[PDB]
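Novice: Given next are the chains, with one letter for each unit.
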Amino acid sequence: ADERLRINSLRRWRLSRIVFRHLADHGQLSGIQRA
Amino acid sequence: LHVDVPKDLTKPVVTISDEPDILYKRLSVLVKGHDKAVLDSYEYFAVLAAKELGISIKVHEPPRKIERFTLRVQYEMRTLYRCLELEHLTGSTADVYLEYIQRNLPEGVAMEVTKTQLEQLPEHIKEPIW
Amino acid sequence: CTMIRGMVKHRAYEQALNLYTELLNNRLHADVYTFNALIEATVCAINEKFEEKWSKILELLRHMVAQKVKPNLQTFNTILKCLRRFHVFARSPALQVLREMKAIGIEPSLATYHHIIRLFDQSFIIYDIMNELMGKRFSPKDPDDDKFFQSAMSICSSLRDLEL
Amino acid sequence: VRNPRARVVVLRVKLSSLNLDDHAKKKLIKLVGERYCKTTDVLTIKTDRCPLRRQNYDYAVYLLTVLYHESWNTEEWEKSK
Amino acid sequence: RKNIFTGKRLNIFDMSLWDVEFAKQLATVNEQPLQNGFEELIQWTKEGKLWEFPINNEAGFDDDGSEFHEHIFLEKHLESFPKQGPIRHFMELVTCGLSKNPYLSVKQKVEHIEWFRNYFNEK
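Chains as they are written, first to last, in the authors' numbering: chain K, 48 to 58, 103 to 126; chain H, 50 to 120, 131 to 189; chain 4, 260 to 381, 390 to 431; chain 1, 163 to 243; chain Y, 247 to 261, 276 to 383.
Hints may be right or wrong, so weigh each one.
[As the list claims (entries may be wrong)] Cβ-Cβ distance ranges computed for the label pairs, FRET-style:
#1 100 (chain H) x 193 (chain 1): 45 to 51 Å
#2 410 (chain 4) x 86 (chain H): 51 to 57 Å
#3 357 (chain Y) x 64 (chain H): 45 to 51 Å
#4 193 (chain 1) x 169 (chain H): 37 to 43 Å
#5 98 (chain H) x 191 (chain 1): 42 to 48 Å
#6 166 (chain 1) x 67 (chain H): 55 to 61 Å
#7 193 (chain 1) x 64 (chain H): 43 to 49 Å
#8 303 (chain Y) x 191 (chain 1): 33 to 39 Å
#9 50 (chain H) x 365 (chain Y): 50 to 56 Å
#10 67 (chain H) x 172 (chain 1): 26 to 32 Å
#11 169 (chain H) x 410 (chain 4): 46 to 52 Å
It should be emphasised that the hints constitute simulated quantities derived from the structure, not laboratory data.
Using N, Cα and C, we set each Cβ at its ideal position, and we do this for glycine too.
Build out the structure end to end from the sequences listed, making use of the hints.
Specialist: What follows is the structure, given as structure tokens:
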């Protein structure tokens with residue numbers, strides 16, 4: 048991890108499209124409307 | 050309560066320190082929400098509180114922002140703004156007012172307080188080093 | 260002192276007294292809390308009359324003076340909690356103890372006046396206590412303070428006085 | 163409650179309020195560059211390097227001090243303008 | 247016709277786990293249920309469950325009491341490195357990067373420098 052960065056030197104909601112759609116349609120994601 | 054009243058109340062302890070108070074030239078409070086009515090209610094509350102504390106306040110409305118996106132199915136996010144600019148308030152007044160209005164900040168509303176403190180030049184810069 | 264306090268806490272009054280005699284025999288001293296334990300034990304000891312027990316309490320206090328230990332609120336509160344067991348004969352000892360506390364600079368708590376009120380309620392003294400306490404704010408000092416107002420209100424119930 | 167944007171500090175001072183002569187002012191302006199706005203005569207030093215905000219405030223004050231001192235200093239090399 | 251505070255007196259005086281348990285027993289004597297919402301907020305503030313207002317985004321964080329010069333000037337940790345070779349150049353680049361890092365503490369920066377020291381010492 049850090050070792051890898053060193054040797055290199057030497058050289103939005105995190106849900107699925109489906110599960111997002113269900114919550115966004117049910118009004119459970121705050122702020123998300125439909126256009 | 051018609052008869053049963055608290056005979057006396059314990060006022061909180063506010064001590065007058067010896068250190069000098071901080072001075073704010075301006076104090077801009079930008080509140081963001083998804084609802085214009087909630088921002089209007091909060092503006093009314095904040096302005097009335099500022100009047101009742103003697104603070105000088107001005108209110109304006111920055112332009113709204115709209116983030117649209119697609120998964131067709133089109134989704135939207137609205138962000139509405141209200142800006143409350145306070146002028147010429149000391150450190151203690153600013154702290155008490157901010158505590159009040161931040162504790163009474165409604166759900167779904169975020170705040171950004173920009174404080175412009177007034178400071179004197181450091182002693183070490185007044186005259187060149189010889 | 261730890262052993263004596265444990266013994267008295269679990270009703271080992273005679274054994275506590277024996278261990279205190281041993282403490283004296285070893286030329287050791289006792290603490291204020293130890294002496295509170297002893298006062299409780301001496302009163303809870305069976306088959307003795309009021310005068311003998313009061314004399315033992317006075318002897319214990321003279322020992323406290325001898326060992327250079329100064330009392331606290333708990334000592335005199337324990338003495339009054341004990342005196343509550345002896346009804347009419349204990350009233351003037353209780354007033355003496357109250358006068359001693361006010362004299363030696365230890366401010367009485369609510370538990371003290373609670374104990375006095377109950378030892379007397381078995390009653391114009393509540394008026395004096397109220398005249399003292401009017402306008403004061405209290406802080407937690409004795410576990411029995413929360414029993415005061417209850418007892419106090421009981422008196423206003425029995426005496427049938429609304430102003431009190 | 164953490165927010166990474168709260169560490170930023172912005173110091174604003176008018177150069178006319180500092181004790182600078184002609185050469186000192188010229189050197190300070192050339193050193194700072196775009197931080198100095200000619201229209202407003204304001205020098206704006208924004209510090210966000212350090213994690214905390216008190217550290218960035220101290221750094222801004224230190225930057226201003228060193229800029230003033232190196233504006234009042236004439237290197238040997240300066241003579242070749 | 248006199249108060250109970252004037253009269254005869256005794257004249258006898260003039261002027276661990278036990279302690280913890282007695283203190284918690286004294287705590288109980290004023291241990292009442294909450295009376296309203298403000299009291300609940302006060303109790304949560306005292307217990308540390310509720311945030312402290314006005315909001316300070318750097319609350320409970322001090323960065324080990326470090327000062328700016330311990331973040332911005334990291335070139336005293338390059339003393340054991342070569343002073344004028346390309347290794348000096350590379351480590352100057354590394355420290356210039358690290359001194360612009362607001363997300364690391366001083367300890368992590370110096371640990372990076374010490375790892376670099378070890379690696380270049382081996383090679």
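Novice: Could you run down the list of hints and mark each one as holding or not?
Specialist: Against the structure, the hints:
{"no.": "1", "hint": "100 (chain H) x 193 (chain 1): 45 to 51 Å", "in the structure": "46 Å, holds"}
{"no.": "2", "hint": "410 (chain 4) x 86 (chain H): 51 to 57 Å", "in the structure": "54 Å, holds"}
{"no.": "3", "hint": "357 (chain Y) x 64 (chain H): 45 to 51 Å", "in the structure": "46 Å, holds"}
{"no.": "4", "hint": "193 (chain 1) x 169 (chain H): 37 to 43 Å", "in the structure": "39 Å, holds"}
{"no.": "5", "hint": "98 (chain H) x 191 (chain 1): 42 to 48 Å", "in the structure": "44 Å, holds"}
{"no.": "6", "hint": "166 (chain 1) x 67 (chain H): 55 to 61 Å", "in the structure": "35 Å, violated"}
{"no.": "7", "hint": "193 (chain 1) x 64 (chain H): 43 to 49 Å", "in the structure": "45 Å, holds"}
{"no.": "8", "hint": "303 (chain Y) x 191 (chain 1): 33 to 39 Å", "in the structure": "57 Å, violated"}
{"no.": "9", "hint": "50 (chain H) x 365 (chain Y): 50 to 56 Å", "in the structure": "55 Å, holds"}
{"no.": "10", "hint": "67 (chain H) x 172 (chain 1): 26 to 32 Å", "in the structure": "30 Å, holds"}
{"no.": "11", "hint": "169 (chain H) x 410 (chain 4): 46 to 52 Å", "in the structure": "48 Å, holds"}
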